[PDB]
Structure formats: structure tokens, C-alpha cells
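*Asks:* Below, each chain spelled out in residue letters.
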Amino acid sequence: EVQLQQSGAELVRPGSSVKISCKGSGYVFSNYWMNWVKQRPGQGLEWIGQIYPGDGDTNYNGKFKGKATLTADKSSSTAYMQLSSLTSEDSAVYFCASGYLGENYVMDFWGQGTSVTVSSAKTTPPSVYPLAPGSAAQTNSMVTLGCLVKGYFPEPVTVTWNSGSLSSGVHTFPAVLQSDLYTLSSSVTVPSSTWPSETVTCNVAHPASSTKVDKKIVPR
Amino acid sequence: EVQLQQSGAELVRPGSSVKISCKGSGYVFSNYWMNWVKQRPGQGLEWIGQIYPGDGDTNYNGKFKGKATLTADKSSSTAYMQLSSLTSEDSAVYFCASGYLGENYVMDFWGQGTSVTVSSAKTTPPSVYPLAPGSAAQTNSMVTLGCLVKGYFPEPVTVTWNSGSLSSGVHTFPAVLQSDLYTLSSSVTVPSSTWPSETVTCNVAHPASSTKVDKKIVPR
Amino acid sequence: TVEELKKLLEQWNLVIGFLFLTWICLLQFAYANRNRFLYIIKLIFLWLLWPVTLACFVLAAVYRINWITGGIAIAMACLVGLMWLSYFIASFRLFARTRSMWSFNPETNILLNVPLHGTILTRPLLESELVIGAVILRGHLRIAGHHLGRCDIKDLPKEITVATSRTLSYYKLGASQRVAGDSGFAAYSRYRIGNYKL
Amino acid sequence: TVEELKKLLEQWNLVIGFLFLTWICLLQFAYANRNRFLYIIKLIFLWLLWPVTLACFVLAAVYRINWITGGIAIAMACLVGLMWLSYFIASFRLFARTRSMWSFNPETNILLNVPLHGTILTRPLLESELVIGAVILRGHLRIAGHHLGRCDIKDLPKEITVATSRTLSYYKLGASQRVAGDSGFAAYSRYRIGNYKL
Amino acid sequence: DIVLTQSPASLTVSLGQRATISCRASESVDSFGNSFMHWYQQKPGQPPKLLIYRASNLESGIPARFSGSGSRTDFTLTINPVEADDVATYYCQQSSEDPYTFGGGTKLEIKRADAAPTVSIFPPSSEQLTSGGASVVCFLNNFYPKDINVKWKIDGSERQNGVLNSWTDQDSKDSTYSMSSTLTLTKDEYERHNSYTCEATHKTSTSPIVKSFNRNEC
Amino acid sequence: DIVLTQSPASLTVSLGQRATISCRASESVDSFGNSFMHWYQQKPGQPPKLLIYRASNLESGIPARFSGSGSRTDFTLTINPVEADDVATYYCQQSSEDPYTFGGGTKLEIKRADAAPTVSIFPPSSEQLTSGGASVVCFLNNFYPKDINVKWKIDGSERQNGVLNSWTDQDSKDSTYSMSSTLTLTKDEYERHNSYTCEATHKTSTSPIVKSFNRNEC
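Chains as they are written, first to last, in the entry's author numbering: chain F, 1 to 220; chain D, 1 to 220; chain A, 9 to 206; chain B, 9 to 206; chain E, 1 to 218; chain C, 1 to 218.
A few of these clues could be false.
What the hints assert, rightly or not - Cross-link-like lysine-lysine pairs, in silico, DSS-like; alpha carbons within 30 Å at most:
1. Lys173(C) to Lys111(C)
2. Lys23(F) to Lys43(E)
3. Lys215(D) to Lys111(C)
4. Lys63(F) to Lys15(B)
5. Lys166(A) to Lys23(D)
6. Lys173(C) to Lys203(C)
7. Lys107(E) to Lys153(E)
8. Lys162(A) to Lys74(D)
9. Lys216(D) to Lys203(C)
No lab work stands behind these hints: they were computed from the structure.
Let the sequences and hints guide you as you build the complete structure.
*Replies:* Below you can see the structure in the form of C-alpha cells.
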């Protein structure tokens, strides 16, 4: 089973350089091509260049010629991409793909993606607040609860409920930027018999600031 | 890693029939040929016949035509050989072999072998006795010990010392038939400092009669 | 008798020029893998010139300048007759073993007869091998470097390889390997060279 | 003028019979994979009859019965000259791309140029494919069904496939798989069809 | 560089019908004996998934509902049965020349039955109050279509500033939408008024659904 | 049926020299373009191991010290370097006709330096005595060559019956032999005499090595 695993999240100041990693397992890494597809958060995909670890031959697109440098190491079975002279335009998600037969013109299996943010804003730990129907609890046929995550940077953040044991009726709303800080909301619905019989909790994981919060919610 | 595993030991009365099993793992069993090589204890190898599990095609030698029947099952990935009208001549060891590419004229990997004994003698549990230098212990530069296994049937029997932790200077002598019973001897040598500092033991395992003996030896 | 012999000589020069043109076209483009139409045309010329060659030799044998050219003409006639009958014998044995029209191709001497999905596909072979490899390469069977169609690892457990004289090799499936994609490795090893024809 | 014209007609009949015999031998056995000696012989006849065919056509053009056969002779002469120059152009481009003597074989239009252990082995190809499979089968490399020698999985990470006009495909190693034996699956996928010649 | 153009930029189809996506090209795409045209499917948060390669071959592991069409100037991706899991953005890519230019992208939408939104208003928590602020959040779940707006008023005074809206992508099970409107204000200004209500209007009904509360019962 | 004949039936070679094994055949072995001749190595207790297939190809996993020769009438297995682990029985097999007849088998022996046998006599145990018998065992370990005999006498009376000899196969480390001579007698008859001794003579010395004991010290 061939697969590709990249690094995590990268946050670098403008004018600096970043080195994205892509490695594969289950196949001869030296005989397979790379693609390094770039996708802006608002725009579509954009090809950058290819690299063959067997002989080090590298092909480029022309727009990224000099902006991106493709290097590979056969001993570690890992491919690298160096992005120098980074600006706010370079903030995008990069995917590395390869073919089943090792071809270069077909992209079969991809990576999970590497999000790169180019900004001068320092990381800020998220603040988690509970969201309950304080007025009268609205004990109707089906009542819903919520988890607010406000004031964090940068993206992304993972929100789950009771360690993933409640995946029904969950809606994780996308975050919106506000004064260099993101605000994210998540709403979940539960049967009126289950709440408040069992105290449910919303989990927040922010790897950029290492803020592991497990705040739980109760009636007023 | 392709491999072939057969059954254990078979002891059948003359005039009866036996069914030897041979199965393989790590390859498509339906596309590989069998050989079923027969080797007498005193004579050499002797080919019997081939079988192709994909279509059930069976080839024979002519001498075993009717004596041996080759059958295979694709669901269980196991090949079978039925030997009817057994006599004392049929007492031999049978090996099943196959090729790396699934060919029939080349035997690459074989099985551990299946010993078949055709006799009317009932199984007799082995009797284990110690063997020590009773006269004066002969405490010379290097003294040796022994383990006697007399009165068992049929072959084979496995003799080890202290669960295989003493494999240096060990000589397991072949057994000889005597009045329908076999007598086997095994001698081991140990440094004069080790004995009798640690009481060594000789292990005997006879799967035919399920006689597990762990008799240990001490000075007179 | 001066001008008419020259006129007929010019006609024969034009005729031999036309036959030279046909010879060059046959030797330059008439091949099975280059032009099927020209391949059939070359076969037709071979089949129609064999009896014409025999008749020309017997005509050059019945007439003679001396009893030297007659013996040479007889030798040429019997040699081409032997070649003719040998070619028919080989082609008839080939077409009795297999059921393909490739048996009459002088370019090929070894033929494959792999049936894929009920149709016996015939492809030429260059050498007779104990084991013949086969790759899939995303659902495109390529036994002996011959594209046969779309298939996966679940192939036919039998192959037959015919030759001009005897040599009806029988093969069977073996050594099946799969990859992350839709490719494969399963080859065919020969186990019998007997039971000729069908 | 009666008997000598008949005698020369008999000589021409014997000559045309001999040329028919050579034609039949060339069309029946003279092939690259059937008889190398006869293949070289057929090449020699082609190379020596091309200028002879051109000269015969110009001779049949300078003389005429009327101004109808002259135009036909001119057309045949220019057609065979065009074919001659086109064949030389194609062969010269082929021999400038690769470095093999197979460039002059009319039977083959696609050639492989795999170097195994320092020697560029040339094998004919029938079709141009995106990916070309390769099996080992106990240490006998069989790229495109062509036996090349003894090798194992540690192959050459490059292949080139030449054609008559442009089409210099470049391949690279990929999809390497091993088995319990000494066989393999590693194929070659094309990644560039540019940078012609060497 | 081939400039690939997709039409339409956004397409909506009823559940059970067929979808047709066309990708225009600047110049000829077919190479010598090959097309080198690919179609990719990308879900939000997931890497692109290859559907059709060479414009006529189905990718392994992909259901047989995807097919390709066109030759050397146009390429069409056809999905005869459409399912709730088929919502994504489809891209077209060419691999005949060195620049591997991608398509503009086509977002596929599913036309389903209208569903009334579920309005739930959540008053600010005490943790927010002791932190130094007060934010009220209104949740609208299980509604369709996308067109919806939220009206915020306090004590009869409609407010424009401080409200942030976040629309979720189409679900792969029931194909409904979810949106949240958060009004972040200061603590003192939050207690300067009396009533906080959330009014959500939708095309499914002429009367908007209202959720209201006060601070004198909490 | 091809009757394969091997010559010699048993071969001894010094350590470091080369071994040559020839396998005769009844009729022609080579088929149409192939030989179908195989060489196998079988150790005692282990299945046969293929060394050379088609009489000219080395088997994978086998050291390059094995080579094949001959064509269509004879086949020779050559081992240029011989090692202590090369002791086995070598067989030749043909696979050109339906009956896969095997060869007669050639046992390979290693010629090493002479070693004096180690003589150790073991008196019968009390467990044997209470079981109902009494058996004395003499052990001869680390000797070479095979030719050796044991003389059994009690109180000056040499005994022929009741002695069983068992020779072990050649070791793969020091290439020496081991043998055991067991004299199984009855308990009462065992105590009817006084002395029990084991005399082992070998070509390494004109004086045999003697081990003796009595029952009045045990």
C-alpha cells in the first residue's frame, strides 16, 4: 500500500524561507516522480515542478523557477522543497503526488497537505467558552449545544466532542479572520434525554501554540 | 517467502490407507505444481507424480499408478496424496516440492518430510535411564555424560539437553531396531567446573505415545 | 527484320522496369507489420509466381542450346518444386495445429494462440522460451510484448505455442504477483511439448 | 533474321527464370529473423537495383513508341527516385538518432536502444507505448519480449525509443517488484519525447 | 501555456440526474498518439482525487459512474448517477507540455427539497463575562438553499457591525447547509441594553423564525 | 525410463581440494533446445536442496562454488572449494520425459587428520536395575576415520552377542565421527560376573584404549 506523508504546519515571517518535506513508503522512492501541486486557499491548483530522485533531474514551470527549489535524498527516502523570498502571496497549501507506475504525467495518490502561513503575527493560544441555552434551556423535542473557539492564530484547529464519540449532528463552522485573530464555532445537537444526563465536552487542539483544552459545558 | 508444511508422523497397519497432507503459503497455490518425491530409509529418491490444482490435471510415473492418488483442494490451499494397499515396502519418507515460478520440471523448495511406518507393532512409551561415570567420575580435564532412551516405537524421537541451551559437544546417536523396539543413545560433554555445579537434564519427546520425560542426571 | 525486334525489345524493357518497380515496392513496404494490404499483395504474387516459375523452368528445360542448360533448368525446376511443396506442407501442418491465418506468413515461424475472452488471439513470436512473462500495466495484457486487450490478475491458466515442425508447447499460469495499482506479473511455464494438433 | 532472335529470346527466358528464382527466394526466406545472410543479400539487391531501376526508367523514357509512354516512364522514374531519397533520409535520421545497423531494415520502423552493461543492445519494436513492461524470469531480462542477457532487479534507470520521424521517447525506471525467486516486474514509463538525436 | 477554461463555473443538479462538465483548452491538447488529459475531484480539506486519466480511462478504486468524452479540443466529465457524496470541486489538467496548467474549477451543487432552518440562540457564558467581553451566537442548522441572511436587533435597534457569518460546505449525507452568526461586543456595552434576539429569514417561509431572550432571567 | 548412474558411489576428498561427480544416463537427456538436468544436495534429516538446474545454471541462494558440465550424455557437478559443511549425498535427476528418474546418489566424504577416539564407559544406573535389567554403554567420540571396532569382554571372556553399534554421520564443523556400543543384558546375569570393560582399537595407534570398572566400588 503506497502512501505519502508530509510535515505539519509551517508559520514563517515574510522574507524568510521554508523547507517542506514529503516522504513515501511501500515503493522504491528513487524511481517515482513528484508533482508538488500548489493550491491557494481561495484559488485552485497550480503545478510547480517535478523531481526524479534516481538521477536528480528537476523540471520547473517557469513562474516558480527560483522561488521553489526541489531536492531529494535517496538514503532517507524523503523529498524536499525549499521556498525562498516568501511573501503573503505564497501562503497556500502544497500537495505532493506520484503515480502507481512511477510516471510523471499522472497523479494517482497525493498527500494530506501542508499549510504554510506567511505573516508577522505571533501565535496566540485559543480561548474556549461554553454556549448553552441560558434563557430557558429550550427543552423541546431536540435541543442543541455549542462550543466557541475565539482568539487564536494561526490555522488550523481541530474540534471534536467527547474524544470523537459523538459524530452525529455536529457542525464545525469555518473560522473567519478578525484583527489578525480567528474565531471558530461548532454546534452539536443531542437528545433531550441524554442532556444533562451525561456531561458532554468539546475538545480543542491547537498544535501551533500547544494549547490542549478540554472544556466541558453544563446548564446555567 | 514461499514455504511448504506437511503433517507429522503416520503409523498405519498393513492393508490400510493413509492420506498425507501438503500445504503452501505466500503464493497462489492453484498455479503451482507438486512432485511428491518418495525416499526409502535405505534407498534414494523416487518420483511419484504431479498435480495441478488449477484444473486437477494429474500425471503419474506408472509404478505408483493406482498405489498413489493425488488430490488437491483450492479452498483450503492443501494438496493430498492417498496411499492404498500399504505394505512394508511403502514405509518411506515423502517430500512435496514446487518451483519458484510454478514450473513442474524444477524442484526449488521442499517440505520437512512425512515419515510413514507400516507395521503391526503397537506404540510403546520410551523408558529413559541416566548414564554417569559411576566408577570414579573420571574427573579428568573433560568429563562427559550420557542419556539412554531404550524401548520405544515407532520413530522418531527428539533428544535435547536443558531445553536446547547446551548444543556444544552433543552427539545424538542413531537408533537401531531390536525386537520391534528402538534403542537410542545420546552423549554430551561438559567442563569439569560446570558439573556437578549445575544439574543438567536430557529431554525426550515422543509424539507417537505422548511421553514427555525430563529426566535429570546426578552423580552416584 | 530490324525495327519490330527493337520495338518488342523496348516493350520488354518497359515490362522489366514495371516488374522491377513491383519488386522494389514488395521489398520496401510489403510487410505484415508495415502494410497489411501490401503483405497480402506479396502473398498473392508468391502464390501465383510459384507455378509460373515452375512452368518457366520446364519451358526453359524443353528447349535448350545444348545438354548443359537443360540439366540446370531441371535442377532449378525440381528445387523450386521442392520449396513449393515444403512451404505448403509446413503451412498445412501449422494451420492444422492452430486455427489462424498467420500460418501462411513467411516472416513468422513461431505463433502464439492465447484466447482472451473466447476468441483465440494469434500473435507472432521470435523465440521459443521455457517461461513467457506477462505484464498488465493498468489493465493492458502484454504477453510477450503483444497487446491483447483489457484484463486483470485472473488470467487464463493455459497457453499453447506452435512451431513449424512438431513443438506444440503447453503452458500454465504461475507466479502471480500484484502491486498497488492494476498491474501484474503472472507468467506461463511450459509443461508439455506433446499431443500435437487439437 | 530468324534463328538468332529465337536464341536470344531463349537466353532472356532463362535469365527471367533465374530472376524469378531470386525473387521467390527473397520473398520466402530473406528476413531478419529467419536468415541473416539472406537478409543482407536482399538489402544488397535493393541497394543495387534502386539506381538500376532509375537508369532503366530513364532509358525507357529517352526512347518511346509515342508521347504517352514517355510521360509514364518519367512518372515512374521520379516516383522511384522520391522513394529512394525518402528511404535514405529516413535511414540517415534513424542512424543519427541511434547507433545501430538496424536503421536500414525495411521490416522495422521502431527500434529500442537499451544498454545493459556498457553495450547498447538494439531490438526491434512493433508499437510505441507509454509504458513498457519488463520481466526477469530467473535472471533473463525480457524487455518488450526481447531477451537481452542476465540481470536482476537493479536495472538501468533510462530507456530511449527511436522512430523514423522525430519521436525520441525517453523512459525511466519505475514500479519495481520482487518475488521469492530471481524474477521482477520493473517497467519503464515515458517522460519526454524531445531532445532529438544525441 | 495552455489556458484551460471550465464551463459552467458552478453547476446544480437534482439528485438522480446527470452532471456534465466541459473543459475548454487554448490549443491542441492531444500529443503524438496520446491525449494526456486528466480530471480530478477535490473535497474541502482533502487532497485532489484522480477520476479519469487520458480522458477515456477510469481510475482504479473509482466507481464506474464517471466517464470521459471529447477529443483534442474539448473534454467532458459525465456522472450519470449523482449521489450525496459527489459534492466537490472538479478540475481539469493537461500533461502534454511542460507547464501542467490546471482548470478553473467547477463546484458541483445538489438540488434537494427545501428545509426549514433550525434557529437556536445561545446567550454569552459567565466565562466570557469574567474574561472581559460578551458574545452572543445564533446557530442555523439543517437549511437549504444557501440564500439566507440574519437580522440582529437589540431593544428594537437593528445592528450592522460586529456580526460575523460562516457558511459550512454541503454535507455528504443529507446535503443541507449550516451557518452561524456571532455578534461579538464588549461586556459593559452588552449590559447597556436589555434584549438580544436573532431573526433568521429564508425563502421557505414569508415569516422569519425568531429566537429571543433577556438578561433579567439568566 | 532413463536409468541414471552415478560414479563413484562414494568419494572422499581432502579439505581444500575439488570434488567431481559424474552422472551417466541411459539415453539422450537434452530435449528440443533444453537439457532438463538437475543436481540436488540432501543432508541426513533434511529435504534435498537444489544446486544446479538445467545443468548450467546456479540456483539462487547457493554459493558460487557449484558448477555444471557435460552435454546431452553426461553431467558433472564440480565443487572447486570444499568445506566442512559440504558433506551430504548428491543426486542427479532428469526432467525430459514423464518418468522423473533420480540418480543412484553419491556420498561425499572429507579426508582430515587422524584423531584419537575418546573412550568413556558408563556403568548401568540404579533405575535400570530396579526396572529389571542392566545395560552398559561405551562412548567413542571425536575419532576418524570410520573404520573402528569395539571389543567387549567380562572377566576375560569376550562377548559377541548383545552389543549394538550406532555410527553417527560426519559433523559439519570438525568433520569427526561418533559411535556408541551398548551391551544390553539382564540384571541377574549382569551381577553374575565381576568386571565390565570396553576396549576400542583404531588405526591411529597399535595399542587399543581401554576403560574398565567393577561392581565392588560402585
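*Asks:* Within 30 Å, alpha carbon to alpha carbon, are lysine 216(D) and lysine 203(C)?
*Replies:* violated, 36 Å
*Asks:* Taking only the CA atoms, is the gap from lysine 166(A) to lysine 23(D) under or equal to 30 Å?
*Replies:* Holds, at roughly 23 Å.
*Asks:* Does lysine 74(D) sit within 30 Å of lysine 162(A), going by the straight-line distance between their CA atoms?
*Replies:* holds, 15 Å
*Asks:* So if I understand the rule, the pair passes when the alpha-carbon distance is 30 Å or less; does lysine 23(F) with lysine 43(E) pass?
*Replies:* OK: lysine 23(F) and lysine 43(E) at ~23 Å, within 30 Å.
*Asks:* Taken at face value, is the distance from the CA of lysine 153(E) to the CA of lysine 107(E) at most 30 Å?
*Replies:* It is violated: about 35 Å lies between the C-alpha atoms, which goes past 30 Å.
*Asks:* Just to be careful, I want the Cα atoms of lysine 173(C) and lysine 111(C) compared with a cutoff of 30 Å; is the pair within it?
*Replies:* holds, 13 Å
*Asks:* Do the alpha carbons of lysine 173(C) and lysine 203(C) lie within 30 Å of each other, as the hint requires?
*Replies:* Judged against 30 Å, a Cα distance of about 23 Å means the pair holds.
*Asks:* Check the hint pairing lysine 215(D) with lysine 111(C) against an upper bound of 30 Å on the C-alpha distance.
*Replies:* violated, 38 Å
*Asks:* Is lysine 63(F) close enough to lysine 15(B), meaning Cα to Cα at most 30 Å?
*Replies:* violated, 84 Å
Hints 3, 4, 7, 9, counting from the list given before, are not met by this structure.
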